[PDB]
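Given as structure tokens, the chain that follows is alone and in the form deposited in one PDB entry.
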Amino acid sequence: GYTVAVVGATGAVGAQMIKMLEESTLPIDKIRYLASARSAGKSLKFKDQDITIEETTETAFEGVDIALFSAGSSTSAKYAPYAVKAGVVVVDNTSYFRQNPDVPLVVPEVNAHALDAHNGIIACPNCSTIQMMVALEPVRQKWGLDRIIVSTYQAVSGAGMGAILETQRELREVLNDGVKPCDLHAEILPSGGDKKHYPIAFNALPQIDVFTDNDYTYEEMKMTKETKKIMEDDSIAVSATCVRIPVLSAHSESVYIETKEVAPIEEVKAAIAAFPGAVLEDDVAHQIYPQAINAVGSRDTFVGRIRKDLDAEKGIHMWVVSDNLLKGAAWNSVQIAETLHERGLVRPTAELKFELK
């Protein structure tokens, strides 16, 4: 069996990493939980066993086979190269290594083949990208993809545990104390690293991550660049608007595509239904469609509202929902780890390709 390290075990994703590993088929001989210095000493469960949390350092990875990183891009930049040097295979949830050409950016249902040539780090894509890839791959396979326009409806748990708590307390202040939403005090949202913070209670914040130089945010540009890498097709036009709404968990997306050939809607529904990881929830006569509150706790990605554009021959609209901490993060990572096991790819990398910092 393996020694498996969860780096960021105390966070929003880390908690779900623990659950997914507890429910995994991966043969685990030893589990280790790693976090920051201030979490060291604390205990946390793996099944009915008590695990002491350890501080993440350059020397903490000796004897580890697989490390699942979910501790911020900075922690991955600092320690993942040391893990690879120690002979670990890292599965990283952060954005840091995603666009490195020596690093496979993987959704196992779409591009598992990319794992074969890994150099010790596999990147899990952005949550909003993953669920879109699960919904759209079956369509691309049969009719191609020319362009995507997406508007997202993203849950606050995507911003971490602190963002969940900020949201709940803001809502309680409005509903229980009568505070006007626009008078609320925020510390984290829309983006913890940015200069200004805004209330999310009864709001829709059209900013996720910080702004890039082309006036799209990094979140929107991640959807663009990650789609092209995962689908290994730079000709797919992708533009996004990424919005935070007062949902605790599960992202929703209004997705517009134009295919290369006309894709009959009943066939599109059937292709999506048949694709692993995608569930068709589409029966408008009975008001059936994906909903965030229904998707929470499921590894599946739910697709509905599927209909042709009113004017564009090859245009199709749909609605895509998935749990951002599961398929969007911890489940995608555990799936990758299971696939690495299945393919005999859990072993040390001889050549180190990532700079030690």
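Residue numbers count along the first chain shown, from 1. Rigid core: the largest C-alpha set superposing within 1.5 Å between the two forms. First, how it differs from the form deposited in another entry.
- In the core-superposed comparison between these two forms, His317 has its Cα shifted by less than 2 Å.
- Taking the rigid core as fixed, one finds a CA shift for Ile293 smaller than 2 Å between these two forms.
- For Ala12, a C-alpha deviation of 2 angstroms or more is recorded between these two forms after rigid-core alignment.
Right, the form deposited in one PDB entry is done; let's see the coordinates for the form deposited in another entry.
Next up is only this chain, free of partner chains and other molecules.
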């Protein structure tokens, strides 16, 4: 089995990584936990055993086969290239390496073949992108895809533990203390990086991440660029609106597509039903459809409200839900590691393609 390192083990983010690793089929001989100098010496569990946290350094990766990063961009940018130098295969959680042409950007049910030519780093995509790919892939491989228009309904856990706590506090202030939503004080949402903060309680904030020069946010642009790379077709037109709503976990998406040939709805339903990682939840006669609260805790991506557009003969609308911390992050990462092993691709890379810092 492997020596596996979890880099950024201590966060709420790491905790999901650990849980998914604990339930993995990955043959694991040794687990190592890496984090900041602050956390080194402390103890976290892996299954029955107490694991001592080590400090993430340039030399910490010796003898490691697989490292799952679950921290931020700066940690990945600094330490991933050293891990590759040490002979590690890296599965990165962040946006940092995603648009690098030497880096496969992978959802294992969609483009596992992209893993074959990796150069030591495989990038896990954005959570909202991931669930859209699982839902749309079975459609694409039978009927093609010309364009996508998507509107998201994103949960606050996608912005971290702080955002969750902010949301709970604001809601209690409203419901228990009688404060008006417009009187609330926010510190984190819509974006911890950006200059201004707004209440999420009883609100809907059409900003996730910061704005780019073209007036779309990074989140919306990631949905555009990542789709193109995962499906290996730059000719797929994609435009998104990303909105934060007062949901703690699980993202929902309203998805419009136009296929390349007319896709009978009955067959679209059947193709999704038969697709790995996807679950058809569509029985409007009994009001069955994906719901954020039902998706929490599950690795699956749920699809429903599937229906023909009213005018465009190739247009299809649907509703796509998934736990943003599982399939949207930690599960897709662990699954990438399982798939690398499945395809015999856990090996040192001979040539370094990423500069050290």
